[PDB]
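Mind having a look at this structure? Questions to follow.
As you look at this complex, bear in mind that one protein chain is not there, while each of the others sits in place.
Letters are used for the chains, namely A and B, taken in the order the chains are written, and counting of residues starts over at 1 for each.
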Amino acid sequence: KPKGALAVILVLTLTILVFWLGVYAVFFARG
Amino acid sequence: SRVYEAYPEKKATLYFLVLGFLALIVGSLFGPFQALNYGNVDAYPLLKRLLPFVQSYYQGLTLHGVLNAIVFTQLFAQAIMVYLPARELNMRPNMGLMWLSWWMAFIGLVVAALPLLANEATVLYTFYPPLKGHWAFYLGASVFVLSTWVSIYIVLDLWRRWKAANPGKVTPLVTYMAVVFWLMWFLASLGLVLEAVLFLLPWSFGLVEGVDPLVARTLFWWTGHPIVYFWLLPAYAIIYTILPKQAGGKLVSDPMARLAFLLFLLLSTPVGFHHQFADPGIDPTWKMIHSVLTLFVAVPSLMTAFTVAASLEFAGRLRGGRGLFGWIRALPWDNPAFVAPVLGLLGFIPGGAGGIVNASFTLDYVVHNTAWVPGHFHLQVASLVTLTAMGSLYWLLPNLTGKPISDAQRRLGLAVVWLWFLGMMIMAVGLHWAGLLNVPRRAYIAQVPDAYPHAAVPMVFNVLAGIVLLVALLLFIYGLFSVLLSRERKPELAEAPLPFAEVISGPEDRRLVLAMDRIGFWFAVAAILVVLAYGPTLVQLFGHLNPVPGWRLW
Partner (left out) sequence: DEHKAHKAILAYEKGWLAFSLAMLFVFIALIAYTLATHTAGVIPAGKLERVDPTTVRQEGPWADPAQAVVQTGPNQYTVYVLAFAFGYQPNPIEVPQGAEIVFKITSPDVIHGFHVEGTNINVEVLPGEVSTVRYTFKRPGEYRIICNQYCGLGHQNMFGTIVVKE
């Protein structure tokens, strides 16, 4: 298996989620 | 040189790259002053002693945006996405047309630069009416962009000539990339061409009293979204088809590389209302439909993420790397042509995460027109695209000029790309965080030093970045000039093949490849999608125009 490529797409997932859910939480906080 | 007689396309490609890097240098001079400003430090007095024609922060910001994000990126895309397919096919581009495209760009640039430099078009790189710049800025710009229609013709011509000579062969990979890319660009470019011909030009000439600002922005963003994919895709063509060789491996999938580009062709253009989430007079259903389709335009980069990572990992393993991290350490980190796109891809992970945020309709109300936005786009264009082009100094330049890169120049290029990358990451932090604190973009906030007390912390990041990037820019100017004005010429370097990667061996999926080669068809699909996504709104707007008077507020 491409363990290295998976590690990359994991970091990318976690980044996307932190950004997206972070801003979603700010959105509601300002609602 | 006997090399330019056999490959005259090398000289024209060099002229595009050089002029591109000169615009980047000029436009970038303003970037450190702007990072200091977003760090609440006012260095404009210094800048004005140095460059006495600069009348304001906002004239500096117009120059920075137009030179770096419009001019540099386009010239790079014209160099890469003509010369690479031409070398892959081993065929000469129509040289009359190649030079015509160059001179159109040069002349368009010179004519726009006049009013920009004279403080007659301080309207930024978006030039939103009713702010009213000098007609020459709109005319110079229109001619500059129209240069690219010539490039499109050049590549479609190459492709057709090749296909005539090779009936029933599938399009070679880099040429397939460039064909879908330039056809995507053609459909993308129509928004701005319409906006300029139908409104901005008659208006700045004095022919019509006003322009309707909503129609003007809508037609602007029809083009303003796909133009960023037009910046990005030349860096992607190198990242897929060149970087894996530089990394010491191979491209792990030709079909997955073609599929990403076909997804860009279909999805780059019908999504621009994601720049208009906060605009009146556009129906929220259609905002949602562009939001979904924008989330889909994300998928080709999500696919790129994996295909490219797996290609790098494969290279690292070929070079002996083992573990879960050994593959990374084994890669050629002494080679600036390898390092620069890799670092740019690392910063693209937060860059793309912020883009997916921005795309998410109601989430955009948190960040719109704040510093977050420049935080996102410095990661995408000012970091990945720019670093990839900088890394080309190190394989492409020698190939075009025969001029060797010395050991010392190599190490200097290493330091430049690292400082540039790290400076972009630090500023991304300061700008994303100031944006979440409601600091607006496009603002000389250093002139209102008590307006933003809550942003004190990320402001330190922007100062630091402004200094780190000043140093990276100075070293880059020094480096580029050392390599350009260099003594030695080794003609064999200009005759060496480009460093194009092989593709990993494995079936693969002919029929998918054959299906994606149905370019006429995929193009009509892309174009249908634009009528579907834009038509209904533009019918309504054009049937209810409300033009308004022009202003000069500088």
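The rule we apply is simple: a contact is a pair of C-beta atoms (placed from the backbone, for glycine too) under 8 Å apart; a residue touches a chain by one contact, two chains touch by 3 or more.
Novice: Of the listed residues B:46, B:292 or B:525, which contacts the missing chain in the full complex?
Specialist: Within the whole complex, the residue contacting the unshown chain is B:292.
Novice: Any idea which of B:118, B:302 or B:460 touches the chain not displayed?
Specialist: Residue touching the chain left out of view: B:302.
Novice: Just to verify: which one of B:193, B:214, B:337 or B:396 makes contact with the chain not shown?
Specialist: Answering carefully, the residue with contact to the hidden chain is B:214.
Novice: Could I get the residues of chain A that touch the absent chain, sorted low to high?
Specialist: On the side of chain A, residues 1-2, 5-6, 9, 13, 16-17, 20, 24, 27-28, 30-31 touch the unshown chain.
Novice: Quickly run down the residues of chain B that touch the omitted chain.
Specialist: 56-58, 61, 124, 128, 130-131, 212-214, 217, 252-253, 256, 277-288, 291-292, 295-296, 298-299, 302-303, 306-307, 310, 314, 317, 356, 360-363, 365-366, 368-370, 438, 440-445, 447-448, 451, 504-506, 508, 540-541, 544, 546-549, 551, 553-554
Definition applied: only the chains that are shown with their structure count from here on.
Novice: Give every residue of chain A touching chain B within the complex, in rising order.
Specialist: Chain A residues touching chain B: 2-5, 7-9, 11-12, 15-16, 18-20, 23-24, 26-27, 30.
Novice: Which positions of chain B touch chain A when the two form their complex?
Specialist: 302, 305-306, 309-310, 312-314, 316-317, 324-325, 327-328, 349-350, 352-354, 356-357, 360, 362-363, 365-367, 436
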